[PDB]
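For reference, the chain that follows is the form deposited in one PDB entry, supplied as structure tokens.
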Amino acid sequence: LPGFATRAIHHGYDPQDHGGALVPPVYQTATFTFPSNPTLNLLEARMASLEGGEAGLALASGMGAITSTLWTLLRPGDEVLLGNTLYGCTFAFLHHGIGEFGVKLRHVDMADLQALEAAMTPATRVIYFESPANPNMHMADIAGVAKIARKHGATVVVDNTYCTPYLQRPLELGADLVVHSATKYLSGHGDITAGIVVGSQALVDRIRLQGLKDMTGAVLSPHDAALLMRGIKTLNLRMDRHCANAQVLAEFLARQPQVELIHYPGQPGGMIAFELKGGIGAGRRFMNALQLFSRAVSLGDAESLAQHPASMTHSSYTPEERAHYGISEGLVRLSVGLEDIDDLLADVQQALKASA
């Protein structure tokens, strides 16, 4: 089996099947003569290879991947066990979407196999969670969850967006399906939105012909698929740099007097979350002071991003409501990019002093 880097650049493609083109031609065509799109097929095969899965499916967005998958596997009466902490729109989709169509939802600490097995019911059909989780980015025992899951043949779905198949491969640990917001690290350059699902040919075929075909129509543009593949070609190199930069920044943040503590890392790629002693006011001043980090909500970009939930995404909520969603007043999340670490340290240092 060729190495990860080799497969991320070559898997599934041979120039002679496409006129000798070194780079695969982009099949920007809505239709083909009556007897699949070669560009999407290649992306799917390559992502399947990287995750150690049998088949892949490309979608218009990470949400397209999650919804197409869940709509396929669940029906009224079925139960879904969810990790305690989820993205945002995922939490919304579950509670304000599919959850309002008869599907039962139950949040459980995936870190406690005792509680998980205790929450297992003959109606449980799907176990969905992200690894690691937002809190302190704890890994969670995927193999352990898989063991409990098969009690009622429950399908285990893991959101592997944060790690990418380069750092974690849930399928090799027992998961049935892995989903990605390829919009983040996989693309790596913040210019496209895309989603990926990988698992057995059996499950993926169902999601493709049911969830996607009939219930979401969340198809991915061949042009975007081509750009996503371009990004995947440097995945290993980018993740290495994201991790190194984040490690240095995390160690720096831990020594600063303005920082109460570091939620993570203690590695979640280039992600960091820390707490400002000064709370919401300190967070606002910190964000206003940044000159290199961008004030935005996303991650996995070449550019470093920063967000202060309390004054940004969750500014409308009250302090108590924020706490209920695991959002402290001084919580700051960073997607450390690929810039020179010395410039990133200087930016954070200056902003930290300005936060006072």
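If you superpose the two forms and keep the largest set of C-alpha atoms that fall within 1.5 Å, you have the rigid core. Residue numbers count along the first chain shown, from 1. Compared with the form deposited in another entry:
Large C-alpha shift between the two forms, rigid core held fixed: of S311, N41, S294, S298, this applies to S311 alone, with a displacement of 2 Å or more. Once the cores line up, the CA of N136 ends up 2 angstroms or more apart between the two forms. When the rigid core is held fixed, the Cα atom of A30 travels less than 2 angstroms between the two forms. The two forms, fitted on the rigid core, differ between the two forms by less than 2 Å at the CA of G62.
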Contents of the next structure:
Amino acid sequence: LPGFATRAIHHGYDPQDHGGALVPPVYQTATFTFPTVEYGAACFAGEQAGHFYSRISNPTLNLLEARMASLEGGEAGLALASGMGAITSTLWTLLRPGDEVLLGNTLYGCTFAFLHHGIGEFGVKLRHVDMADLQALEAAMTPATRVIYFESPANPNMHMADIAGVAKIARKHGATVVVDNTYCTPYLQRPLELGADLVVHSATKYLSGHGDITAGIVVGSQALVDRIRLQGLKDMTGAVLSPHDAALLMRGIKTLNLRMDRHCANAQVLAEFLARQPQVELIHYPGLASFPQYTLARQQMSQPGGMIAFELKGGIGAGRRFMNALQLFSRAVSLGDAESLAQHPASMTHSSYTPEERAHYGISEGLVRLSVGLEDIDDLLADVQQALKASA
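Same protein, different state: after the form deposited in one PDB entry, show the form deposited in another entry.
For this one, just the chain is written down, with no partner chains and no other molecules.
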């Protein structure tokens, strides 16, 4: 088994099959032709290796998919136009009216909205469970429980889930476990190795790494991914990834190990700095010894990540003053870019929640979320320092 970095660069491609091209050619084409109509018929009937239409399948996409499958340790991958494309295609495929889906307590805003205002209004029942409490989950299981879906760590408060414990219970009741692995990437956490059936990503974030594409990935078993490809994507979402963006995403993945090492090292220093400060009420960072689920985080994640959540004394008032004073960090939603970013979840990425939904799903009105970038740590420390002083 070649190492992670080796596979991120090489897996599924030999230059000698494409005229010696070191970088795979980009198949920017909507359709593919057939040598005979019988050959083509066979492609549609599903009984043939090949290609017919890029919404169903495309060789640039297929390479990205195989490579992502290798990094997560799954059988099959699927590339989509966005993270939301990956989540919707998956959930539209696996659920029908009268199925239940058990969710983690805190979700990304558009995932929450899709669940409650989207698929939830088509007869699919939803219940929220703390996915670190295996007893509370087991109690929540019903015979209608088809899917278990959660993020770990969760956007935006960093709440962990016990992936292996959830999976044991799901295996017992015949439930499909789907884990949003956006924050960690396969370099830091591999939920499939801990018993998840499917992983989904916003490849828009760390996997791309450079903020220039929107994309989604699904990885899991051949049987589940085939269904998601041929139903969710083909017929229910049409969330097709551009071959151009797929080739940029592959370009990004080639440095994923190096970039994540630096995001993690920078974020550790900033977290430890923010811990020592009087303006800071509390911090959620997995790599601080004081993190409430430090032990569980270490059994699942090989490093503590690039994301920090924290609150100031002064609440939202001091939050605004801090964020508005940042000169190197930018004020923006998104994460996992080379550029360091800051945002206010309640009024931005989680503004789809009502104030009461925000309150009891653990999205504070004072919370600031930092995506720590690849800039020099001293420049980033200086920027945070002066913004804290301006926030007082």
